[PDB]
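Student: Each chain is listed here by its residues.
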Amino acid sequence: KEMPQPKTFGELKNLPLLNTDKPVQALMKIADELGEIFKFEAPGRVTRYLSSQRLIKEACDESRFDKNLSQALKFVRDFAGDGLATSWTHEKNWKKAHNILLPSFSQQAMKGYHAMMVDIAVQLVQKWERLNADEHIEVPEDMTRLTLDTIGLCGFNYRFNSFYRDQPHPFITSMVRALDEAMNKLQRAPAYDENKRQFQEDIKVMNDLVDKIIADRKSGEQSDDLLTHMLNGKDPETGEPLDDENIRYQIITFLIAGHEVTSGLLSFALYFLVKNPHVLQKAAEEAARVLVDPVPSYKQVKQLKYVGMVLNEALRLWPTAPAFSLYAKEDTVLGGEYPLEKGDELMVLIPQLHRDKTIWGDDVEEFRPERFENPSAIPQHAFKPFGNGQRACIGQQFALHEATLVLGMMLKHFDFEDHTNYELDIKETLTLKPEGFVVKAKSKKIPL
Amino acid sequence: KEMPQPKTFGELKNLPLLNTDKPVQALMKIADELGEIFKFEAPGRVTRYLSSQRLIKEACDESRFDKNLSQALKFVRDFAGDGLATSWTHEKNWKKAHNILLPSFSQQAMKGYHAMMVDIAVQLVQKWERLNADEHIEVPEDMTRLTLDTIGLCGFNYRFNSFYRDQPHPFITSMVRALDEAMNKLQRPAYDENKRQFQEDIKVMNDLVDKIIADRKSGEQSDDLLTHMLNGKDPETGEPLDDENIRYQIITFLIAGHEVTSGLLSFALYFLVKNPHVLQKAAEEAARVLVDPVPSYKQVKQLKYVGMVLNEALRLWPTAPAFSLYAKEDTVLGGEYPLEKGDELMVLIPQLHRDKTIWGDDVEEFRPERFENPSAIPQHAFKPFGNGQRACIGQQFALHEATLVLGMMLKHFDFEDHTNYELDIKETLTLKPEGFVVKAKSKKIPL
Ligand code: HEM
Ligand code: HEM
Ligand SMILES: *N[C@@H](Cc1ccccc1)C(=O)O
Ligand SMILES: *N[C@@H](Cc1ccccc1)C(=O)O
Ligand SMILES: *N[C@@H](Cc1ccccc1)C(=O)O
Ligand SMILES: *N[C@@H](Cc1ccccc1)C(=O)O
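Line by line, the protein sequences are chains B and A.
With the authors' numbering as the guide, the letters of the first sequence map in order to residues 3 to 191, 196 to 224, 226 to 455.
With the authors' numbering as the guide, the letters of the second sequence map in order to residues 3 to 190, 196 to 224, 226 to 455.
Looking at chain B on its own, in the form it has when it is part of the complex:
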């Protein structure tokens, strides 16, 4: 009944614990000492970090808990607005955009996005086959190039052409810097006057590009992208279409939730593959037996079951969206021993949930894709890499299909060597990525 709490720092309480370049991993270490739940206190804020399936399965009860905007999401809201990810459930614009955007994110809608995904996937395979001998691949940098171009091509029919650059796009320079400042606000309290001047200067860069792209599209030209469905799609409930401001926030949202959070999955997947040669060969075998054409089809991607198992296990150990927030709708008791008042907040520490030994056994730290041989064997609310309930990831099928195609083509065309014996170092922005992860790719000389 008495909830533990980590070390305090006087008037700042537990806030200095977040003053670190790896906060998610720090909360994971705190969870190992304190267990399934611990109270976290800051000046003006209190939250409870959940780590066990026993309690998270209760927090996922939508009749008792709703999505809360964490302090990180409130800072992203300053440029993501009332987009799908940074809006409240009770706000009119969430349910409106949710109803309009569900058909464009279905598994059957991935058939229309497949050709543009293959476009960017071919550019990645061609870059790696044009490398010289002893040259290495910067894995997270190249995965971000692919993911960002994929969502740009599939979402707005816009080509960032990341494979033609070493310096990033002027849009994401402002974006990644706005995400950095938003994360740096997490552990605060004239000195930061420059930060604020740069923050609004970075917000205007994102708004002007998207609003110009929206105004340019509105030629009347159609396409198979997210952009067309938002100009002509109407919410069945209210009958209304999204206004011009909201569509801008959705595009910014899809670009953030697109590029490196999805690429982190590919980077972690490739890392765990080259660290487990048995799994690598088994996944490479499936890529060769299934992808029999120079260009993979939509059906062939769906046949890569073991590649999806590899992607699901990489999401287990290192989910790139490492947590989400919930608040109590009413007075309730959590786990029969932790009474919660209305409005009290919860945190779902996803990497810890996926390390519940009572769910996955003693071998939680091993990269074993065979845990996902049969999805019905996994308990309820034990695997939550994409959120929960109606507030779950709407682009889950987008990210999984894109990652399955690219990983299958990567395993089909290249042998991969961990030439540096990479020591895992997880860089923490708002997401997780293996910093400095490099590999060598000996081509298999299979043409496209």
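Bear in mind the hints are in silico, worked out from the structure with no lab data behind them.
Do not take every clue at face value.
Stated by the list, open to error - Below, computed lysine-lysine pairings styled on DSSO-like, alpha-carbon distance capped at 30 Å:
#1 B/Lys306 to A/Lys129
#2 A/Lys3 to A/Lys129
#3 A/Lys113 to B/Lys31
#4 A/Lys94 to B/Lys312
#5 A/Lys59 to B/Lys113
#6 A/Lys59 to B/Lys451
#7 B/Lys187 to B/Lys210
#8 A/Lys41 to A/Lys31
#9 B/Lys452 to A/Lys59
Add chain A with the ligands to chain B, keeping to what the hints say.
Tutor: Chain A with the ligands in isolation, oriented as in the chain B frame:
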């Protein structure tokens, strides 16, 4: 591209080849002569028996192949009904019962069954320590007593009390006889008596099970499969299983439980006493882990090598020796065998597990160390529990029960193959080593 086929018998085609008391072993011998695939033809039926991991990994593609009811499963359906094992994937009651029964068969649900499994496991250990000198154990008969009592106690809180009997329960008297008739119809006024007895055997099973369902509905609750089915509702449709289907699930769980699982223990003990080094390695682990008079659920999960012994025994002699599949659409198998929509396939599991390209040249050797790393095992090479969504739902149940009991057996007894048993596999719908007997000299470790 041209598919081989064994010898034919005129208008009967290959059917007389099945007129034998060991058809699975006979089909295994045909695979050794004909290879990874051969056509099998009967009047009104044709199927293709797959034997290699190369082709079976394709047959396991659920987007291209679905579970088919083999001619044996069609005959079992006359009393197993639309239960989980004898229903088609498209029948509404399969997915309905599948959704309702998945949580009750989870690995976390084995914690609730553990105490009742230890109850029957202790009765087995006490019977064996109460034997007199020079008395031997009838291994498959005693393993069947344990597995039948386990599923009855864990599934319906009913005690068959098999260790208090010499003649089996009247329910399974009709059940084993109905399985005999169902298998003998496969290779068959002359049989008029069989049908009269067959309907008499079905009525005995239906009336008994329906009485237990009506008796439970006392209002009493429990941690058994029966309670999970009376109060559980399918999340998809919102509906609960009706009473006729619940009867079929209980009949299903009684068949698919005891004698398929008891074969695993009998084969496991056989392979243990034929390989004393493996026997000693597993007996050492049982002593190293089971430090309590009663094993806990946590301790069973730590019997890693015992599980390898159980997995290797399932490799050589899987007790559910095959399953059936049909092509959902026109497809090509292996790039050389074109199949039309609806064409049937057979997965000869004991042959699949003897693929030298997967397990090496020592396929016939009992090496439990093959399963040290499941990621080292190729895809769809080890299929003792079926495939995909139609896989064994009691997989958990059977492995935990067999690991607990086998661990207690190795901890409490030294085992001697006093007759130097010659393996003789009796074939009903499953496989078991007939006449396998051993001596168990107790270690005098109390409970
Ligand atoms: C590996 C890839 C991804 C992971 C692990 C992931 C994870 C998540 C998680 C955990 C949430 C819940 C956030 C919360 O509850 O506060 C979420 C929501 C969301 N994600 Fe993703 N995501 C991924 C890729 C994508 C992609 C490709 C898109 C493309 C548009 C996307 C767009 C969104 C949106 C719009 C939401 C908010 C949905 C709503 O609340 O209505 N994400 N994601
Ligand atoms: C050594 C023990 C066991 C083995 C080798 C085994 C094997 C199998 C196999 C191969 C199948 C697939 C049948 C097919 O595809 O046509 C299956 C299905 C099934 N088994 Fe088992 N089994 C065992 C124990 C059990 C136990 C203890 C139960 C307890 C209820 C059980 C219940 C079932 C059920 C209900 C199905 C049908 C599942 C479905 O299709 O939805 N089995 N089993
Ligand atoms: N996103 C999680 C973890 C986190 C804590 C502190 C800084 C960054 C990320 C949360 O907000 O609690
Ligand atoms: N990830 C958490 C971290 C945090 C906790 C408490 C105060 C500030 C930040 C979050 O999203 O807020
Ligand atoms: N269950 C297998 C093997 C078998 C063949 C003939 C009679 C009994 C069992 C199958 O049905 O093909
Ligand atoms: N076990 C098989 C045996 C069989 C195959 C082909 C024709 C007749 C019988 C089965 O259950 O069908």
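Student: Next step is simple, just say for each hint if it's right about the structure.
Tutor: Here is how each hint holds up against the structure:
The suggested pairing of B/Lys306 with A/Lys129 is violated, with an alpha-carbon distance near 57 Å, which exceeds 30 Å. Between the alpha carbons of A/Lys3 and A/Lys129 the distance comes to roughly 57 Å, so the proposed pair goes past 30 Å and is violated. Taking the CA atoms of A/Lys113 and B/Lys31, the gap is about 29 Å. The hint holds against a cut of 30 Å. With a C-alpha separation of about 26 Å, the suggested pair A/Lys94 and B/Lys312 falls inside the 30 Å cut-off, and the hint holds.
A hinted pair counts as satisfied when its Cα atoms are at most 30 Å apart, and A/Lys59 with B/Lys113 qualifies at roughly 26 Å. Annotation: proposed proximity of A/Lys59 to B/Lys451 holds, straight-line Cα distance about 24 Å (limit 30 Å). Annotation: proposed proximity of B/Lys187 to B/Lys210 holds, straight-line Cα distance about 19 Å (limit 30 Å). Restraint check for A/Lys41 and A/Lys31: the C-alpha separation of about 14 Å stays at or below 30 Å, so the hint holds.
Of the supplied pair hints, the one linking B/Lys452 and A/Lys59 holds, its CA atoms being roughly 26 Å apart against a limit of 30 Å.
Comparing the model with each numbered hint stated earlier shows that hints 1, 2 do not hold.
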